[PDB]
Each structure stands twice: as structure tokens, then as C-alpha cells.
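Since chain F is already given, all that's left is putting chains 1, E, J and 4 with the ligands on it; use the hints.
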Amino acid sequence: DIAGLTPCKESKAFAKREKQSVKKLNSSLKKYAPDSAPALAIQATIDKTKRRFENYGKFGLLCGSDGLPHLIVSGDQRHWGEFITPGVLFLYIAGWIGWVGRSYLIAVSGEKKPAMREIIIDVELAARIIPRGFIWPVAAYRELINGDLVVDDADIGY
Amino acid sequence: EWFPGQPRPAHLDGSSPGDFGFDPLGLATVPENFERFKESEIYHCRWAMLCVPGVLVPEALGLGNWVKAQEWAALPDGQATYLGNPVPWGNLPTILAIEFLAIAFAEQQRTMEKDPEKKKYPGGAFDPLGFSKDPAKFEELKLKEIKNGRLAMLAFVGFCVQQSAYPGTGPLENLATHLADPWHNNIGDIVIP
Amino acid sequence: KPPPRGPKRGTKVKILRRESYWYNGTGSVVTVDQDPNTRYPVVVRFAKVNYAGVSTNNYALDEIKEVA
Amino acid sequence: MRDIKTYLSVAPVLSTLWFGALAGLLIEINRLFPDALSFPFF
Amino acid sequence: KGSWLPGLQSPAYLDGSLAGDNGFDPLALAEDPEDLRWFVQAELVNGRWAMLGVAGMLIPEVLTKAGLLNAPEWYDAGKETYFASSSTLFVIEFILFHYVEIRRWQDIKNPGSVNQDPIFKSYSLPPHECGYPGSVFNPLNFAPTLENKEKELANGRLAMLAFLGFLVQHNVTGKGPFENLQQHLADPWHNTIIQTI
Ligand code: CLA
Ligand code: CLA
Ligand SMILES: CC(/C=C/C=C(C)/C=C/[C@@]12O[C@]1(C)C[C@@H](O)CC2(C)C)=C\C=C\C=C(C)\C=C\C=C(C)\C=C\[C@@]12O[C@]1(C)C[C@@H](O)CC2(C)C
Ligand SMILES: CC1=C[C@H](O)CC(C)(C)[C@H]1/C=C/C(C)=C/C=C/C(C)=C/C=C/C=C(C)/C=C/C=C(C)/C=C/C1=C(C)C[C@H](O)CC1(C)C
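Residue numbers (the deposited numbering), protein chains in the order written: chain F, 78 to 235; chain 1, 40 to 232; chain E, 79 to 146; chain J, 1 to 42; chain 4, 46 to 242.
No lab work stands behind these hints: they were computed from the structure. Note that CB positions come from ideal geometry on N, CA and C, so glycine has one too. Careful: at least some of the hints might be erroneous.
[Said to hold, decoys possible] Here are some of the chain F residues that sit facing chain J, going by a computed Cβ distance under 8 Å:
id: 1; residue: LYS125
id: 2; residue: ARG129
id: 3; residue: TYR133
id: 4; residue: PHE136
id: 5; residue: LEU138
id: 6; residue: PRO146
id: 7; residue: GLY158
id: 8; residue: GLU159
id: 9; residue: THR162
id: 10; residue: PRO163
id: 11; residue: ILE196
id: 12; residue: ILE197
id: 13; residue: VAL200
[Unchecked claim] Straight-line Cα separation of at most 27 Å, DSS-like style, residue types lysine-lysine; simulated pairs:
id: 14; chain 1: 4; residue 1: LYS166; chain 2: 1; residue 2: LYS176
id: 15; chain 1: F; residue 1: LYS189; chain 2: J; residue 2: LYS5
id: 16; chain 1: J; residue 1: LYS5; chain 2: F; residue 2: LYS190
id: 17; chain 1: F; residue 1: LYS190; chain 2: E; residue 2: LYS143
id: 18; chain 1: 1; residue 1: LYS77; chain 2: 1; residue 2: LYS181
id: 19; chain 1: E; residue 1: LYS92; chain 2: F; residue 2: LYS190
So that you can see chain F by itself, here it is in the shape it has in the complex:
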């Protein structure tokens, strides 16, 4: 009820949208054989969007004055299944990728012409470096602790 937004477990315009959608779908459905595979897939999508409407009416989704879901990202973990948990999950994924790439590059830097391994990856070294993602929070942590993450006055060349 944040600023009056009722959940569409209880609102009406949501029910109207659902009704009109399933109605146009059903009216389209009655132009084939009741057993034709296209008609079967049509009914499948009908029940699929129906159970979608049902699922939305199960997870506290505060719902607009026009019959539409509306996220609540204000910080209150009451509505957190939209931003907070998916946000930290994606942050974990992004940190994974960033750390693994950085570690690969730092490793392969020590060769004759690292460009030849930057265009054509050392897929063996790549495979034995890649799964380290589970360390990206902690490892980098220690780096910053030991100051081995940044540099002070080395800018060009290396």
C-alpha cells in the first residue's frame, strides 16, 4: 500500500487485464480444430499466462492504479524479491567475471608478446584460471589489505 498501491491479489484492474487477455486468446482459439497442435499450443499459452497472473498474485506485488505491477525498490526488504536479492546476485556474478578476467590478464602478462595470447587465449591456462570465481570477494579483499590491487605512480608502459 506504498502511496496507496494495492496488491493485485486484491485489486480489480489486474483482473480486468487478465480477463481481456484470456478472452481475446480464447476467441482466437475457436478458428481451428479443437485438437490441432497450433490450437493446442494456443490453449497452452492461455493456461501459461493464467498461471503467470496467479504467480503474480502470490508474492506481495503492489500493483498500480491501472492494473500493472510496480516495483518497490525503496530499501524495505518487505519488497526485496525485486531488487535487493537479484541485485546482490548480479553483483556476485559481475565480480566473478571481473576478477577472473583481471587475474587471467595479470597472469598472462608475463610472456614474450602478450598480444598473441590476448587474441588467442591460453585455453588451458584459461580453464585452470576460470573456476576461481568463488574467491573474488575474499581474494581481492586481501589484495586491498596488502595494497596489491592498485598502483601509485606507474602509469604508462606497464
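Just chains 1, E, J and 4 with the ligands now, with coordinates in the frame of chain F:
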């Protein structure tokens, strides 16, 4: 030291009463800043030390709330009271004027004198009996004032946060209430998180 | 017997010059001309190529730091 | 043989196969969780 | 020593000096010695408290289902009503732990610093070994020898595993794990992770 194991930073080699080696933000790297901080610390602790009993004494004995002692100013016809004595000239303008004149005039004439030791510790005519008799006792009571005043400042912070969480209450009142029943009258109701 | 100026060989140098691509850069000496009539007798290779495609140029000794 | 291995390790083909696998994973998740708007686990 | 892979060579990180070495680092986390120390201490504390927790889960359940006692489930004990409200005991826990654990961390940063009880000067402490504290912790004069540290760490690792199992099985079921064991003994094939999905 206040913290065991954590070495004392450079410019905190004791060498001053109250120096238990606590400076995590390193503000004291500047000598002038350091002396100014010492002076302001002494002012702060001394004010708060004088000004906690001015809350306690009324709150318990014949007075009322420490917030209503100034209630005379909110409403027009307010006249202050001495334990049940509305002094003839305890009106708002006269005490306001004496506060202005005395505080400003004095603290000017006193601050404008740069000993600089006299600022933090006035003495002068405020030591004719010689309570500066014993230098050991001197540094000891210095440390004592610093500690007691640090405590008093903590006490004022507590007063503030308590009167915030408990609208319109009294320190002694909340103390007696919580003590009256231990395990369900405390900070818990305030902060689960 | 006359002491040859400039580092000996292989000494990684830090560039002190400002108006080069490698300001605060780590290069490698390849030789120094012992002639005292030169005006830029040291020459340095790099591992990073600049805009003009070149990877070597000249300097005096003042614009060098014999880092190691 | 090893030549074709080093050729296969050239970024275009590696990237194409990696992206194909990732897209397959995503479309399969979407199949097994239609319309997946919220995080209805916690 | 017991490389858990009869063919793989153990990395140089885990030589065998520290107890419980098996070269079990397929991701090369602790290849830096100070971080190795950090994770040693972390494994120690996690294993000790995991042993504690798994005991506090299992033993009450069986003693209640035995009819000798009556005590709610570890998860069903929160809403229970005690002599003290939740928040009270929680804040007391918080202050006491912010003392003890910060002392532990100060010992971690500085070997042999915070030794004495700073209240009284005798009775204080005999110098210790990091991760294995001194007198007032081992009253029975147990000799801190090998086959004691190894047994400790193995039991603690298995305890961690069993605790995670407890937690996830309560998640999927919400029931007492000993009841899961009884249903299991009824028919291990008809009672497993497969049927409950
Ligand atoms: C001490 C470790 C331990 C033990 C004794 C058990 C025991 C049990 N678990 Mg379980 N579990 C564990 C850890 C453990 N789990 C962990 C770490 C997880 C998270 C991955 C799970 C997740 C889990 C689920 C989701 C379910 C069970 C279930 C069960 C019960 C039926 C067995 C089953 O379906 O396969 C267990 C399934 C697993 C995924 C367990 C994997 C454990 C890993 C591989 C380590 C265990 C190896 C160990 C050396 C071999 C067993 C030791 C034992 C003989 C002493 C049984 C009582 C089921 C149940 O309660 O229904 C009756 C069920 O639905 N467990
Ligand atoms: C793992 C490698 C990696 C890492 C750690 C970073 C890190 C960073 N980049 Mg970045 N970048 C990268 C690759 C990387 N980049 C590549 C390949 C490109 C070219 C497409 C860029 C282009 C780029 C721009 C244009 C900018 C940054 C910026 C930044 C900074 C802020 C984050 C940001 O805005 O990124 C936003 C995210 C991206 C730009 C996406 C690039 C990430 C790629 C897709 C990952 C590459 C992984 C690798 C190639 C695949 C191999 C996997 C492994 C098996 C080897 C941060 C320091 C910003 C900055 O200056 O901040 C101050 C900025 O303006 N980056
Ligand atoms: C499983 C675990 C960690 C496992 C980590 C592993 C295997 C890591 C393995 C690796 O890193 C290595 C080795 C090498 C890498 O190359 C490979 C990987 C794989 C990356 C920790 C669990 C750790 C689990 C712990 C610490 C559990 C503690 C439980 C407690 C304290 C219980 C408390 C309670 O039960 C009581 C006491 C009373 C009840 O009423 C209430 C509550 C509160 C529930
Ligand atoms: C009597 C009475 C009664 C009536 O009725 C009413 C009235 C009027 C109200 C009253 C009173 C009055 C008065 C006088 C008052 C005052 C007070 C004060 C002064 C306070 C302070 C107070 C003050 C205070 C606490 C202060 C505090 C401070 C602090 C903590 C700080 C800290 C720090 C330091 C050191 C440094 C580092 O590195 C950092 C930090 C951490 C930052």
C-alpha cells in the same frame, strides 16, 4: 593504553594528562590543532560536568522536568522558579541580558589572554589557597577532571538519546522503571535491529 | 679508461622527460654513444608502441632514472 | 592437428560457442521459469 | 599426506606441517601464507561452533522423541517463551561477544599481546599457541599433540557438512532430521531427496 596491542601513533607519547593513546582519525598531527583540541576538550568536559547536576538535582527533588524548567520561554507569561520561588526579576529578558553580557564580556576578556596554559587552566585568583600545592597531585587531579568530564559528556549523549526514544521522561524515572523489572524493560524493545 | 657515461646495458630506465609518449615509462637502454658532442646519446627500446609506430628514440642522461 | 587446436583457440569461434552455450542456458531457464519477474524464493 | 586423489601431486601451499593436510585446494585460494593462516583460524572457529550447533540440534531431538525430556525443536525454540525476552538476551550476547571476539582478533593480529586478564595481574595466562589457547581453556592438562588436532579438524569439517545438511533439509522439509532418519530406515529407496521434489 586504551587498546592493547595496537601501537600508539607517533604524536601521542603520553606526555599529557588524558593521553591514553586514542587518535584513529589522526586529527592531532598539527601542534596548533592539538593544543586547540585540548583547550576545547577541557571547555566541553567542564561545561558538561557543571551542567549534569543542573539536570539531576531538579529532576529528583522538589522540581519537575528538566525540559519544563525552560517552559517559561515557550509561553508569554512564563516566570522562572527557584524550587518553588518565582523570583521578582527571573523573567526572560533580564536573564537573557545577563547571559549575553556576562558570558560574552567575560569569555572575551578571558580568551583574549594567551598564556597559553592559563586558557585551559585559569588559576590566578582561582588558586589562592594553593590546590596547586603538589605537582604530582596537580597532574593527578588534571587526569581526574579529564576522565570525569569525558564521562559527563557520555552522560549527556545518553540523556539526549534516551529522551528521544522516550518522549517526555526523566532519567531517574526510566532508571527506576527499568530496574523495577530486569529482562523486559531495557533497550531491547527499541532495537531488535 | 675515460669513464663512459650512461648506464651500462639492459638497465631498465624510468623516463623523466615530460613531452614524450613514455613520460613516467619503463624502457630498456640499448646503447649510448660515448661521443661528448652528441646532444641525446642514449637510446631506449620499449614494449609499448606509440602513435607514430616508432618504438625507440633518444634522450640525454638528465631525463633518465636508472631504476632496477 | 595441434594447428587446428590453436586455430580453434582464436577468439571468434571460442566466443561464438561460449555465447551459444550462454544463450541456450538462458532460454532453458526461461522455459523452466516462465516470465520469472520477481525473486519468489526468499 | 593422504592426498584424497591417489594420483595428484599436492601443491606447495599445504606441505604437511599444519594438521589435516591433504592438498585439498583445487582453486589455489590460500597460496599466500598469511591468508592460509587466516583460513586456518576461520576453519578452526567454524568447526568448533559447528560441532556445538550440530550437538544442540541432534541430541535434544532424540532425547525428546525418547520421552525422557521435553524441549522444542531448534527451529521451534525461538517462539518459545522463556524467563527472558529475546532482545534482552540478544543484546547481552552482543556485548559479551564484542568483548571476547575482539580480544581474539587482537591476539590474531599480535601474537602474545592481550594475554593477561587486565583486571588482576596474577592468575593471568601461560603463553599459548595461536589457534590453541592456554591454561584456562584446557583445564584437564590435555597435551596438544598430533592426532588430536587432526581428529578435531576432521570432526569439525564433518560437523560443518552435517550442519549445512540440517539447514537445507529443514528448508526443503521443515521436519526433524531424526524423523527423516526414521522414514529413511523404513525404506531408503522410497525416502530420499528424489521423492520430496
Ligand atoms: C553429514 C552429512 C549428511 C547426512 C548424514 C545426510 C543425510 C540425509 N539427507 Mg542430506 N544433505 C547434506 C548432508 C547430509 N545429509 C548436505 C550437505 C546437503 C546440501 C547439499 C543435503 C541435502 C539434502 C536434501 C535436499 C535432502 C537430504 C536428505 C537426506 C536423508 C535421505 C538421504 C538423501 O536423500 O540423500 C541426501 C541428499 C544429499 C544431497 C546429501 C549430499 C551430502 C554430501 C554428498 C556429503 C555426504 C557424503 C557422506 C560422506 C556420505 C553419507 C555419510 C553417512 C553414511 C554417515 C538423509 C537422512 C533428504 C531427506 O531428508 O529426505 C528423507 C532430502 O530431501 N539431504
Ligand atoms: C575483466 C576485464 C575487465 C575489467 C575488470 C574492467 C574493469 C573496469 N572497466 Mg572495463 N572494459 C573491458 C574489460 C574489463 N573492464 C573490455 C574488454 C572493454 C572493451 C569492451 C572495456 C571497456 C570499458 C569502458 C569503455 C569503460 C570501462 C570502465 C571500467 C571500470 C568501471 C567499470 C565499468 O564501467 O565497466 C562497465 C562494463 C563494461 C565496459 C563491460 C566490459 C567487460 C567485458 C565484457 C569483460 C571482458 C572479459 C574477457 C574479455 C572475456 C575473457 C574471459 C576469460 C576466460 C579470459 C573498471 C575498472 C569504465 C571506466 O573508465 O571507469 C573509470 C569505462 O568508461 N571499461
Ligand atoms: C560447510 C562450511 C564450509 C565449507 C567449505 C568448503 C568445503 C570449502 C572447500 C574449498 O575451499 C577448499 C577446501 C579448497 C578449494 O580449492 C575448493 C573449495 C571447495 C572451494 C562451513 C560451515 C560452517 C557451519 C557452521 C560454522 C555452523 C555453526 C552452527 C551453529 C553455531 C549453530 C547454532 C544453533 O544450533 C544452535 C547452537 C542452537 C540452535 O537452537 C540455534 C542455532 C543458532 C541454529
Ligand atoms: C544544567 C542544565 C539544567 C537546565 O535545566 C537545562 C540545561 C540548561 C540544558 C542544563 C545544562 C546546560 C549545559 C551547560 C550544557 C552543556 C553541555 C555540554 C557542554 C556538552 C558537550 C558535549 C560534548 C561531547 C559529548 C563531545 C563529544 C566528542 C566526541 C565523542 C569526539 C570524539 C573523537 C575524538 C575525541 C577524536 C577522534 O579522533 C575522533 C572522534 C571519535 C570524533
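Hints the structure fails to honour: Structure breaks no hint.
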